[PDB]
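**Student:** Hey, can you work out the whole structure from these sequences and the hints?
Residues per chain are reported as follows:
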Amino acid sequence: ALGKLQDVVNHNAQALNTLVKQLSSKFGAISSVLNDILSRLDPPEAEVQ
Amino acid sequence: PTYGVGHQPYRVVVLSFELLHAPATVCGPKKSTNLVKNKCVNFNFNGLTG
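In the order they appear, the protein sequences are chains A and B.
All you need for UniProt numbering is the position in the first sequence, starting with 1, plus 943.
All you need for UniProt numbering is the position in the second sequence, starting with 1, plus 498.
Hints were generated in silico from the structure; no laboratory data involved.
Any given hint might turn out to be false.
Stated by the list, open to error - Calculated cross-link-like contacts (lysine to any residue; reagent style SDA-like; alpha-carbon spacing at most 20 Å):
id, chain 1, residue 1, chain 2, residue 2
1, A, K969, A, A989
2, A, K969, B, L546
3, A, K969, B, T547
4, A, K969, B, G548
5, B, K528, A, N978
6, B, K528, B, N542
7, B, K528, A, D979
8, A, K969, B, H519
9, A, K969, B, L518
**Tutor:** And the structure:
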């Protein structure tokens with residue numbers, strides 16, 4: 944019966960969950976963690992990553 | 499020995515590592531500090547900084 948309101952709540956929560964989940968994506972870099980990139984590479988290549 | 503560079507014998511050693519995906523057993527010379535609880539600190543556990 945109340946599918947429309949719950950649907951809106953679901954879309955908002957799903958969008959935030961997807962946006963949080965996207966932080967675990969390498970995006971073509973060596974790691975998805977910035978601290979690892981800093982702890983492992985020199986500034987010329989860490990800047991690229 | 500008479501040949502110039504480009505044909506002389508070269509000794510090559512390849513060091514291979516793995517990054518963070520297992521418990522580590524080879525570490526750097528950094529000294530261990532004491533552990534503190536319930537306080538905001540910048541820690542370094544086995545090369546993992548946070």
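**Student:** Could you tell me which of the numbered hints above are not met by this structure, giving the numbers in increasing order?
**Tutor:** Nothing - there is no hint that the structure violates, so all of them hold.
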